[PDB]
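Using the sequences and the hints, build the whole thing.
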Amino acid sequence: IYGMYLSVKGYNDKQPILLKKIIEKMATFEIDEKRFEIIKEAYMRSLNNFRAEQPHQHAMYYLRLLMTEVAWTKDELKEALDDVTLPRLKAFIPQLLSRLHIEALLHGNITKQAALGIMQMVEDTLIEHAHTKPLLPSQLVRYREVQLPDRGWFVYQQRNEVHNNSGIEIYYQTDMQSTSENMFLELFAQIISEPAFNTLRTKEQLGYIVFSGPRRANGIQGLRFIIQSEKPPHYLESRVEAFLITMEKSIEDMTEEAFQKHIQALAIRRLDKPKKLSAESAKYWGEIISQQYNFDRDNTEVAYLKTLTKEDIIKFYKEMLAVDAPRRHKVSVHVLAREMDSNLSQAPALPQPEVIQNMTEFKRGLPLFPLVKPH
Amino acid sequence: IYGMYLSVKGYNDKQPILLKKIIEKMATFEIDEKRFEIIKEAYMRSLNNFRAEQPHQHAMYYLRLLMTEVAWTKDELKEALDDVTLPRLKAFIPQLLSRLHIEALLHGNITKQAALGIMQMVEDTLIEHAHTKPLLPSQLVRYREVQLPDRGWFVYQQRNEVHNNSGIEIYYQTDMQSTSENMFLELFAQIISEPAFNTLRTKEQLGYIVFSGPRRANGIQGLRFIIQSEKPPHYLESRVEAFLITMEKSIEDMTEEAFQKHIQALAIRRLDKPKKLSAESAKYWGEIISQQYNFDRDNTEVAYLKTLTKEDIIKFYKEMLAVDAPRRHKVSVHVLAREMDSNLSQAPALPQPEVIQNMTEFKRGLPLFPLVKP
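Chains as they are written, first to last, in the deposited numbering: chain B, 624 to 965, 979 to 1011; chain A, 624 to 965, 979 to 1010.
Wrong hints could be hidden among the right ones.
As the list claims (entries may be wrong) - Straight-line C-alpha distance at most 25 Å; calculated BS3-like pairs for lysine-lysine:
| id | chain 1 | residue 1 | chain 2 | residue 2 |
| --- | --- | --- | --- | --- |
| 1 | B | 884 | B | 929 |
| 2 | B | 906 | B | 826 |
| 3 | A | 713 | A | 657 |
| 4 | B | 929 | B | 941 |
| 5 | B | 896 | B | 906 |
| 6 | B | 756 | A | 713 |
| 7 | B | 826 | B | 896 |
| 8 | A | 713 | B | 663 |
| 9 | A | 756 | B | 697 |
| 10 | B | 701 | A | 756 |
| 11 | A | 713 | B | 713 |
| 12 | B | 899 | B | 735 |
| 13 | A | 644 | A | 701 |
| 14 | B | 933 | B | 906 |
| 15 | A | 826 | A | 735 |
| 16 | B | 941 | B | 637 |
| 17 | B | 906 | B | 632 |
| 18 | B | 756 | A | 663 |
| 19 | B | 701 | B | 632 |
| 20 | B | 663 | B | 701 |
| 21 | B | 854 | B | 929 |
| 22 | B | 756 | A | 697 |
| 23 | B | 701 | B | 713 |
| 24 | B | 756 | A | 701 |
| 25 | B | 713 | A | 697 |
| 26 | A | 756 | A | 648 |
| 27 | A | 697 | A | 756 |
As the list claims (entries may be wrong) - Listed next, with one range per pair, are the computed distances between beta-carbon atoms:
| id | chain 1 | residue 1 | chain 2 | residue 2 | range |
| --- | --- | --- | --- | --- | --- |
| 28 | B | 643 | A | 698 | 34 to 40 Å |
| 29 | A | 709 | B | 728 | 51 to 57 Å |
| 30 | A | 709 | B | 1011 | 41 to 47 Å |
| 31 | B | 688 | A | 719 | 58 to 64 Å |
| 32 | B | 834 | A | 763 | 34 to 40 Å |
| 33 | B | 714 | A | 704 | 20 to 26 Å |
| 34 | A | 700 | B | 731 | 38 to 44 Å |
| 35 | B | 688 | A | 717 | 47 to 53 Å |
| 36 | B | 899 | A | 993 | 38 to 44 Å |
| 37 | A | 804 | B | 897 | 31 to 37 Å |
| 38 | B | 739 | A | 700 | 30 to 36 Å |
Source of the hints: derived by calculation from the structure; they are not laboratory data.
From the three backbone atoms N, C-alpha and C, an ideal C-beta is built for every residue, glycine too.
Laid out in structure tokens, this is it:
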């Protein structure tokens, strides 16, 4: 959504050669017509084939659409696809390349001089063949995430046309990333991690797919649940809310040490060393594309984690997650089975949800979060 | 910032003929090179000539940059101006016209059939000559306004290189437009309107230009002060703040009848009928471009206005404007004189402001308001 991504990996003996051919071809590309028609046809089919994705992929997709300032739907792209001609693409390519900014991570068995060399080879190739000039600092747009109002609940409902199963995703948006908000949310996810599998899947058989954990996008974060089931969504909702309350009660009732076990387990996971080159590359690249550049984040966050108490999580929960929390921000995506119509612990009363009819109106009527500050 | 604007006014006897020539030429324009070079050069100079504008024009301009999500500076435009060649423009024009949405207000001595006729003439001419197709509903971006944090004060400072006066603008952003917030702000502006001229100019002689009133942009609003002076900005700040306190005290102390006089006066001001065609057109166009479409807003708001009391305004002020207000949102633009360096009633102690070093960082680091619902 920001441009283009290129990654070359492997033995570096011949690596500058491959990279150089790619960039040369990138910047002077001439489209063969038969090939264009064929690949266009393939892309068209892949746009259509979305209706046959899994219910949970759908739920994630719609949540993505809902939460980003600007996001084009598969439908809009498909529709827009027919006005794509050979001339038009040929005209698009030089314009795309006329102004660029490049952010690169070069990591492995290479020297500083060789890195500078490679970088400068890329810059020079782009200048030579596409006449690229710099972009203005202010044109480096990042998109923000829709900021949900205190105490609101929104539902977005859609039908899966292929599968006779449902999917649900439930998102409790918390706030901007920072040391403490991150370890609170992560600790909570850690604590509820195994109880959720054992209750929601093994005992209650809510579905084959049952997932829970942190969601992070556009510098904001929160708690998400993804489930795929034969049972209808409103029931799934009620079971997740009941689970959440059982969980708060369980966190209140638990001893200091079980709590410290959760801390120690989250801690080892977070401080866990990359075991091969490309995993370390992945971590740093993650720090870079999000523009947070927090390369020492694991130690900071773990150090802070060890400081945390039962109290902290209890009040976090009371502020942000409980059904009557002063800052609850809940959005739910319901993907209905083709056919569905529109003992156990006690499910709490939920407010009347607001049903979202139109994404643009929904977005227009809400604030946007800041972007996260670098380091 | 949204595209292009066309207004044709006058006797309607021949108006569709002029209109048809304009749009047909719009959609089939062929650029003469000499003209391009000449006009480009003129534009370059006009971009440069901003440095010689008045200090208060500068202050308004920078506040505009600060408060809008997206805004290109005159400097950035100037820089970007050099990559404009004949080929690039020739290619740009058909592309600009390739996808459009048109919102029109036709108002005057014309029939519905004639309106549909004119609209359809425009559409067909554009289709014929520029191959225009419709824009997608989702591509109708409006820009939002930066939402300032509770209790903050930010200052942005710049120097005017030409004029040996300073200018300041102070903006107290309140919240989104709605009937009550609007009449609170408007009543307050109305009440403080003349005391401010008489105190800050006539008595204290802070400068020739002294202005106050509602600022409305991008569906958001607030209270603004604009001043141009020989006096240094920090002093202007302290004097405006002292004035605001004088005003609160004065509003507390005033009688029921004086209060109703202010109400009645705001009421008359708001209910003033446009006296000629183009003023009514301007009013409707204002209702349309903001996409609020509140055509009967004047009556709703005046009716509601008559209901308000001293108490309400005192607590509004206490909530949004006072120095220790829980929801103060203050931004200031300081334009220093070329030469300038970087009793009276009692000015309150003010906090240390946060100095904006770079507009983009400032914007990136704050939330954005919603757009107003239609």
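Hints versus structure:
1. About 11 Å separates the Cα atoms of residue 884/B and residue 929/B, which keeps this hinted pair within 25 Å; it holds.
2. For the given pair, residue 906/B sits about 36 Å from residue 826/B by alpha-carbon distance, which is inconsistent with the 25 Å threshold.
3. The straight-line distance between the Cα atoms of residue 713/A and residue 657/A is roughly 14 Å, inside the 25 Å bound, and the hint therefore holds.
4. Between residue 929/B and residue 941/B, the direct Cα distance comes to roughly 21 Å. Compliance with the 25 Å bound is thereby established for this hinted pair.
5. This hinted pair checks out: residue 896/B and residue 906/B have alpha carbons roughly 11 Å apart, not beyond 25 Å.
6. Under the criterion of a C-alpha separation no larger than 25 Å, the hint pairing residue 756/B with residue 713/A is consistent with the structure, at around 21 Å.
7. Under the criterion of a C-alpha separation no larger than 25 Å, the hint pairing residue 826/B with residue 896/B is inconsistent with the structure, at around 35 Å.
8. The hinted pair formed by residue 713/A and residue 663/B fails the criterion: a straight-line CA distance of about 28 Å is larger than 25 Å.
9. A distance of roughly 20 Å separates the Cα atoms of residue 756/A and residue 697/B; the hinted pair therefore holds under the 25 Å criterion.
10. The hinted pair formed by residue 701/B and residue 756/A meets the criterion: a straight-line CA distance of about 16 Å does not exceed 25 Å.
11. Restraint check for residue 713/A and residue 713/B: satisfied, since their Cα atoms lie roughly 16 Å apart, inside the 25 Å limit.
12. Of the supplied pair hints, the one linking residue 899/B and residue 735/B holds, its CA atoms being roughly 21 Å apart against a limit of 25 Å.
13. Between residue 644/A and residue 701/A, the direct Cα distance comes to roughly 32 Å. Violation of the 25 Å bound is thereby established for this hinted pair.
14. Distance check on the hinted pair: residue 933/B and residue 906/B sit about 30 Å apart at the alpha-carbon level, beyond 25 Å; violated.
15. Between residue 826/A and residue 735/A the CA atoms are separated by roughly 56 Å; this puts the pair beyond 25 Å, and the hint is violated.
16. Annotation: proposed proximity of residue 941/B to residue 637/B is violated, straight-line Cα distance about 57 Å (limit 25 Å).
17. For the given pair, residue 906/B sits about 15 Å from residue 632/B by alpha-carbon distance, which is consistent with the 25 Å threshold.
18. Between residue 756/B and residue 663/A the alpha-carbon distance is near 21 Å, which keeps this suggested pair within the 25 Å criterion.
19. Between residue 701/B and residue 632/B the CA atoms are separated by roughly 33 Å; this puts the pair beyond 25 Å, and the hint is violated.
20. About 11 Å separates the Cα atoms of residue 663/B and residue 701/B, which keeps this hinted pair within 25 Å; it holds.
21. Distance check on the hinted pair: residue 854/B and residue 929/B sit about 40 Å apart at the alpha-carbon level, beyond 25 Å; violated.
22. With a C-alpha separation of about 20 Å, the suggested pairing of residue 756/B with residue 697/A holds against the 25 Å cut-off.
23. Distance check on the hinted pair: residue 701/B and residue 713/B sit about 20 Å apart at the alpha-carbon level, within 25 Å; holds.
24. Among the hinted pairs, residue 756/B with residue 701/A is consistent with the structure: their alpha-carbon atoms are about 16 Å apart, no more than 25 Å.
25. Between residue 713/B and residue 697/A the CA atoms are separated by roughly 32 Å; this puts the pair beyond 25 Å, and the hint is violated.
26. Taken as a hint, the residue 756/A and residue 648/A pair is honoured in the structure, with Cα atoms around 18 Å apart against an allowance of 25 Å.
27. A distance of roughly 32 Å separates the Cα atoms of residue 697/A and residue 756/A; the hinted pair therefore is violated under the 25 Å criterion.
28. Distance hint check for residue 643/B and residue 698/A: the Cβ-Cβ separation is about 37 Å, which falls inside the suggested range of 34 to 40 Å.
29. For the hinted restraint 51 to 57 Å between residue 709/A and residue 728/B, the CB-CB distance of approximately 40 Å leaves it violated.
30. Checked against the given bound of 41 to 47 Å, the beta carbons of residue 709/A and residue 1011/B, roughly 45 Å apart, stay inside it.
31. Between residue 688/B and residue 719/A the beta carbons are some 28 Å apart, a value that contradicts the proposed interval 58 to 64 Å.
32. Remark: the range hint 34 to 40 Å for residue 834/B to residue 763/A is upheld by a beta-carbon distance near 36 Å.
33. In this structure, residue 714/B and residue 704/A meet the distance hint of 20 to 26 Å, their C-beta atoms being roughly 23 Å apart.
34. Against the hinted window of 38 to 44 Å, the Cβ-Cβ separation of residue 700/A and residue 731/B comes to about 43 Å, which satisfies the hint.
35. In this structure the hint that residue 688/B and residue 717/A lie 47 to 53 Å apart at CB is violated, the actual value being about 32 Å.
36. For the pair residue 899/B and residue 993/A, the beta carbons lie near 42 Å from each other, so the given range of 38 to 44 Å is met.
37. The hinted range of 31 to 37 Å is not satisfied by residue 804/A and residue 897/B, whose Cβ atoms lie roughly 53 Å apart.
38. Distance hint check for residue 739/B and residue 700/A: the Cβ-Cβ separation is about 34 Å, which falls inside the suggested range of 30 to 36 Å.
Hint check: violations occur at hints 2, 7, 8, 13, 14, 15, 16, 19, 21, 25, 27, 29, 31, 35, 37; the rest are consistent with the structure.
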